[PDB]
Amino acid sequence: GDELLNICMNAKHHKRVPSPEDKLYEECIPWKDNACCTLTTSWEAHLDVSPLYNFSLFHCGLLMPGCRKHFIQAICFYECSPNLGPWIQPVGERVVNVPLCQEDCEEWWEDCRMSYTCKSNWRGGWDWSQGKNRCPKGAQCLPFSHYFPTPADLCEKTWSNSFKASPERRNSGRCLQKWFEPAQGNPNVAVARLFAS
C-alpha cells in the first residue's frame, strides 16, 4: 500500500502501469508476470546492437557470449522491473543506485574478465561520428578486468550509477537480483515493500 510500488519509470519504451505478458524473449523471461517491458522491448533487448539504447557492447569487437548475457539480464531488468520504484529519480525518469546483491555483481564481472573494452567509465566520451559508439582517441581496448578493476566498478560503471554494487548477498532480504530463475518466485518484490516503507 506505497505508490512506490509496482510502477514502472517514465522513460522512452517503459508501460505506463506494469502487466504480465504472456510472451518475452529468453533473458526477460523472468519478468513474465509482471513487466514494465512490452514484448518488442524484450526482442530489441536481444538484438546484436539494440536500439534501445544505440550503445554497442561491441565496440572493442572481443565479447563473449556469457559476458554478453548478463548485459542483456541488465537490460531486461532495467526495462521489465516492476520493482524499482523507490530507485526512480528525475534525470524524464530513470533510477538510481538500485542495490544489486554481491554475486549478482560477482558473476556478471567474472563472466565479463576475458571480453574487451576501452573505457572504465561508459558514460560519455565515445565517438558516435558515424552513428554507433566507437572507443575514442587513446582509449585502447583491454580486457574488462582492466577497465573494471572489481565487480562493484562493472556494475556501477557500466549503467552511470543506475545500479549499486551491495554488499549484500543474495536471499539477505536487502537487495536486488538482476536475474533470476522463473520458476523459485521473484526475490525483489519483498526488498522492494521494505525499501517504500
Contents of the next structure:
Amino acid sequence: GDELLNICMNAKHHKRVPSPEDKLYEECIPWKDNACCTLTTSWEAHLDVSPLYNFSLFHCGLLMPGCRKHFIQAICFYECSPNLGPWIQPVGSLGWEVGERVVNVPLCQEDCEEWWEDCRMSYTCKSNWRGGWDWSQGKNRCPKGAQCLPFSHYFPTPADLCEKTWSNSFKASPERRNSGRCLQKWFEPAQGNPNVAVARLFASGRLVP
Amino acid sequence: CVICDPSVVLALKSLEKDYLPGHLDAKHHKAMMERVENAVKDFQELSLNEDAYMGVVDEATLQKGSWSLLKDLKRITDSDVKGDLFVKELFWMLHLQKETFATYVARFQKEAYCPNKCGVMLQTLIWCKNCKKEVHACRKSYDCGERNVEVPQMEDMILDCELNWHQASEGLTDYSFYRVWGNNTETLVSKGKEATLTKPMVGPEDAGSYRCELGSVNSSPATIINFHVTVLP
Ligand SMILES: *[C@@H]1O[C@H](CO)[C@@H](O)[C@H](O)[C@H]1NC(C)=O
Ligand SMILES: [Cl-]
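Could you present the same protein in the form deposited with its partner chain bound, rather than the form deposited without its partner chain shown above?
Full assembly next; the chain just shown is listed first.
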C-alpha cells in the first residue's frame, strides 16, 4: 500500500475518497468498481456543454461523434480515476511543501494516436485551448481572425492534441500500452483496469521527499 | 452546406464545362469558377450558435437548400445571359440564396434539431464542413420524469412510455417495463416494441411503482420513465 494510491484530488466535483458506484453512465462505466466520480457527474460529463466546466467543445460546431467520444472519456478518466495520485499537485506553479490539479499524467501512445486519428476531420480554431478565447456571449467562442480548420491542422501531432487541449493535465508519453509506465484514458472493463499497477509503480518509483 | 449535395456539384460542373464556353471570355473561366465555388462553399459560413447554427443539417434541409439554389441558378443559365451581366447576377443570386439557406437552417435548428425535451435522442445529421453523415447524441436529461396514474378496480392499467420523438429517433430497441418493489429490486414484466404496458382488470395488489426503460444500441436508455400507480377502490 501507499498514501498516493486510491485517492481523489481535492477538486470541484470529486468525491472525498473513491468507492464503488452501482450505475455509472456510458463512457464513464469502466470505473464503476472504484470511482472518484459520482453518477450525476458522469452524466454531466456527457452533455452538449457540460456543467462541469466553462468550456465548449462545439466552438466550431459539433465534433464528429467519434471525436466527441474521446473528449468525454478524457473527462470520465479525469473525474472518476482513483489512480492519479502520483500526479496530483497544487493549483498554481509551486511545490507541495508550500485546491488541487493533476499535472503530466502520462497517456500511452495509442490512446493519443487513436484520439488524434478519430478527431482528424473535426474542427477547431486554436492550437492551444488554454488562453485567448472570446467569452463575450457567455461561453467561449472563436477569436476574430481564427478560421475553423481540421484538428489535423491545429494539432499537427497526437502529442499536441493530448497536451494542448487540457493544460497539460496530460502528457503524451513515448511509452506504449502494457509497458507499465503509462495510463489509458479508457479501457474495456472486461479486462482489468491496467492503471492500478501504473500508479503503484510511480508512487514508489519517483524519488521524492 | 449545399455543396454536400451531388446535384449542386453537378450543376457547377456543367456551368464550367457547358455554359461558360459560350457565355464568358475564356481568360475569365478559371478566376470565375474559383469565385463561384468559394461562394457556394461559403453557404456553410453561418454564425455558429444554438437556435441558429451548429455546423450540421439533416438531409431534408440540405435538399430544400439545394433545390432553391438549383432553380435560381437554372433561371440564369436558361436565359443565356452573357458576359458582365451574367457575372453580376450570378453572384447576386448566390448572395441571396445564402440568406435563404440560413432561413432554412434556422428553422431546422429551432424545430428539427434535437427535438427531445428530455432523455437522449439519436439523430442522423450531415456535417456542413466535411459532408460526413453521422449519428449525433442529443442528451437533454438523465431521465424523462415521473407519472401518477389513477386506476379504478376492474379497470385496465395502461402505462404509456411513448414520447413524440421516439418514432424519429434512431437505433431504438425495446421498451422494457419493470415492477419496482419495496426492496431494492425490481422485476421485469414486459419487453418488446409495445410502447405501452397494459394489465387488464386491476386489483389493489397491482398498485405500486413501475418503470419503463426504452433501450438503445447506445447501450444506455433513450428514455426512462417512472410510474406511480394508485388503485382506488
Ligand atoms: C421483495 O422481493 C420479493 C421477491 O420474491 C417479492 O416477492 C416481494 O414482494 C418484495 N418485497 C415486497 C414486500 O414488495
Ligand atoms: Cl484509472
